[PDB]
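In the form deposited in one PDB entry, a lone chain appears below as structure tokens.
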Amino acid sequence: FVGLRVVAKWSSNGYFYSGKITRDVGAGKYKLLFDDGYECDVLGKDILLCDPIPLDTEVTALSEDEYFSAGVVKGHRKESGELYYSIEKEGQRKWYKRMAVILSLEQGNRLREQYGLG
């Protein structure tokens, strides 16, 4: 699991953010380094071993101007040192960086059954 990309939340019931498992703390305890630079221990049930966020997933996208909105993943584009998601909203599609794509409590819970590490 060390070095595997995941999407996990650091608060009791916050959003899931992208990161990697840095170490296996043992007994359902994992230490994660998020792509944003934040490190903390997270429980297996709050981790989604899921990368990339699969197509047709309802996600939360972030814009540079403080706005955020829901959308559907319709494309993946890998570039050197970064992944880009194609998010569709109201018929149109826009590219977002990896860190700009997160999951609300509801959006990530739909993936626990298949991708959860609880």
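Take the two forms, find the largest set of C-alpha atoms that superpose within 1.5 Å, and that set is the rigid core. Positions refer to the first chain, counted from 1. Compared with the form deposited in another entry:
- Residue 80 is among the residues whose C-alpha shifts by 2 Å or more between these two forms once the rigid core is aligned.
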Second form
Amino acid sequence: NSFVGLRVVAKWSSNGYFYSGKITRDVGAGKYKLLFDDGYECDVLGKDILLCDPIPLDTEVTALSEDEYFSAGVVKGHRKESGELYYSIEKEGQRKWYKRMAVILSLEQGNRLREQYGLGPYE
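Next, report the structure of the form deposited in another entry; the form deposited in one PDB entry has already been given.
Shown next is a single chain and nothing more.
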């Protein structure tokens, strides 16, 4: 019945980006323990957790291109046939697949989605 077990996209620690993870504990006072998909764990405030699973079509996101540089793109599709989520991300009229954990949100991109998808609460 609780928020535990939900897949989320959440601000990591006090960094500039939100990353994919899972809520593993309600630690009280509107904070949650998260297990991030890369294996790291931290406590995150509810205001900094997005509940959209998956991130929806036409969302502006960030991803690594060519194993070289991070830049923005737009979500244009999803694949979950294998039981693992992949996103189709469009950059400059061209699309490429990205595993769930490779799609991240800058503070601007993630804060944008609070009104629609934030855990919260928000006053």
